[PDB]
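One protein chain is absent from this view; the other protein chains keep their places.
Order of writing sets the labels: A, B, C and D. Residues in every chain begin at 1.
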Amino acid sequence: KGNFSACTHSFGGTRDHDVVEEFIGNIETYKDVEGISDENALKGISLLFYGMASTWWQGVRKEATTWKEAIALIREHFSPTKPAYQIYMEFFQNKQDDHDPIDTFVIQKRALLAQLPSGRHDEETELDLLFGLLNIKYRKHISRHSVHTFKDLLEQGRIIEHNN
Amino acid sequence: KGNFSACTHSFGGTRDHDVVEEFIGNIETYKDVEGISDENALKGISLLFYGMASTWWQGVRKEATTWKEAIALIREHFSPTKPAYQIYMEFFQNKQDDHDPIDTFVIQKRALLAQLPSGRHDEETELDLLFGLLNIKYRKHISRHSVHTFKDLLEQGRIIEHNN
Amino acid sequence: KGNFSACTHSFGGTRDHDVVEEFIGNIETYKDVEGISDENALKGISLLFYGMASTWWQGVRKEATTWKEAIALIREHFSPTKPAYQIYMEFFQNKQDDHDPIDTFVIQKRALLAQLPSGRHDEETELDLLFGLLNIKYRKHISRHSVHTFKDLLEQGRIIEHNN
Amino acid sequence: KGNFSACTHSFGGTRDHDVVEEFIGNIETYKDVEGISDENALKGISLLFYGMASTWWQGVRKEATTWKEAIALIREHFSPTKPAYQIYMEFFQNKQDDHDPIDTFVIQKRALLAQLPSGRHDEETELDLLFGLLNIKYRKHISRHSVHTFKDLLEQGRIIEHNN
Partner (left out) sequence: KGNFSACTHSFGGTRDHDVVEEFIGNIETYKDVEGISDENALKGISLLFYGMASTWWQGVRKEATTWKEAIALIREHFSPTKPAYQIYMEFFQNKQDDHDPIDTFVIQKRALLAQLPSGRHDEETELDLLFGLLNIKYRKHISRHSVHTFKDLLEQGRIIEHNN
């Protein structure tokens, strides 16, 4: 049942990294689960676009010979893969305001530090870079030489949050 | 037909106990009814998240080796299983206002007294703890040494409600 | 194909007779049409509730041993089957205002006179009880000893309506 | 696959000719395409009504022995098939205002002149009756003894529209 006919996943070019990555991951997981022979997914790729994207596909259809080239064309035309220094400045911009728990903040900061080139930064320097931008209410009790991985920091922050 | 492809049940991290319990129960009942071999449900778990949850899964995917560990990770990260005394204080907080029948109140108070540790409280002390927070209009006619289980209390309250 | 997996019929406890009767009729017609072996419909009844009803089912699940007991539990907990005299008073309350045709009024009055105990009232006394609460515009031309069943009254009212 | 289980076509009694005709045509085309043995469509007709129509069906279910009688009951109870002179007066009522092309006007006037009794009016008198109620901007250039069928009138009106 790999006719790519019944799928409720869509895309319309909203120009943001998260929506594009969600769409690409959902398509590739669907192809891995239901079963496509890696050629029928090119003949039925036009059943998922709407609005501004369908005009783009009817424009640039004649430069797609495989599947990986089409997925690379989507990722290159709708995400310009931002350089190094703007990510660091955006990262140090925001502080952790009150009425915001640890889980949302740690999820957003770990989603931001994945657009750097891979293999440059291990876990310890990443946690040391994260630890400065936390509020005083947690930081009075969770001082260093006590955590080594993000799971322990999340656990102790959750205990200090739900305790009082 | 266990490809976990066609399912209209979703979750997006609303941070509440009831939505999480409803989602977990619906997934587990779907797996019991249609038929999954307990390994294909891990390869297709990513077809049910959207929004804030998909970034969380793309973050913490590498710490899930079975199915029960993933369901425990969901229940532990999105519900911090509140302690004993806050449930008792929240329970004695609200009184039963007028223009509210017995069924809604009894359903909410029985949904609240299930987050305690199991095996501490049987039925009689639970009904004796519930009986104080009822309005005078029912309580003038349904005096004690007449009911022993919640079905009889609901029945006599329904008769006194629909009679006049 | 009786896995009770794909069905777009739902219920959430709106506390009204018509919604409950519509939901029960749609479920029972679905079971008669597609084919269930009268035991699989109990294992998959939890795929149709949402919101306030799912907490109610997780509360009272342990008092359902068959299918008819579960359908009776729904009908008894969400409809208190109103007594005799309130139906008669509600029935004589409303008059037929202008800018309202015969079909809507006759449908509502025949939907109200079905909650009485069966076998007490035949067709002739029911039409004689209905005939008093009609407007003067129809009643100047449709005088008695001319109709015996509701079809003839609807037919002559429709002719007098669409004629002028 | 004729269980009349998966169909996204519905009806709720909006009291208009066009919605009823669309619903009847969609049901009959579905029965012609998928394959029903002309008896299973009566046992599953109750899976398509909602709201005010389901009470009507639970009222008048016991006067339907075949399929054509049920479709005639729908067409007779929800469309009173308007008489001759009101259609002619409604037809000559409206004129063709500016900022309205030929296609919409011709479609509406041909949809109105189908409720007359059939076999009374051929094509030539119908076009001669239509030609009076057109604006001066088209009528200065499309004078008679030049068109004989509606296709030619639509074609020359479209040329005069898109030319200037």
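In this section, a residue touches a chain if its C-beta (ideal position, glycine included) is under 8 Å from a C-beta of that chain, and two chains touch if they have at least 3 such contacts.
Note that of A:55, A:94, A:108 or A:146, the residue touching the chain absent from this view is A:55.
Of A:47, A:72, A:114 or A:159, it is A:47 that touches the chain left out of the display. Considering D:103, D:123 or D:124, the position touching the chain not shown turns out to be D:103 (whole complex).
Although one chain is hidden here, its contacts on subunit D can still be listed: residues 1, 6, 18, 21-22, 25-26, 29-30, 32-34, 103, 107, 110-111, 158, 161-162. Residues of subunit A in touch with the missing chain: 3-6, 15, 40, 43-44, 46-47, 50, 52, 54-56, 58-59, 63, 77-78, 80-83.
The working rule: only the chains that are shown with their structure count from here on.
Between the Cα centres of subunit A and subunit D there is a gap of 51 Å.
For this pair, subunit A with subunit B, the centres built from the Cα atoms lie 32 Å apart.
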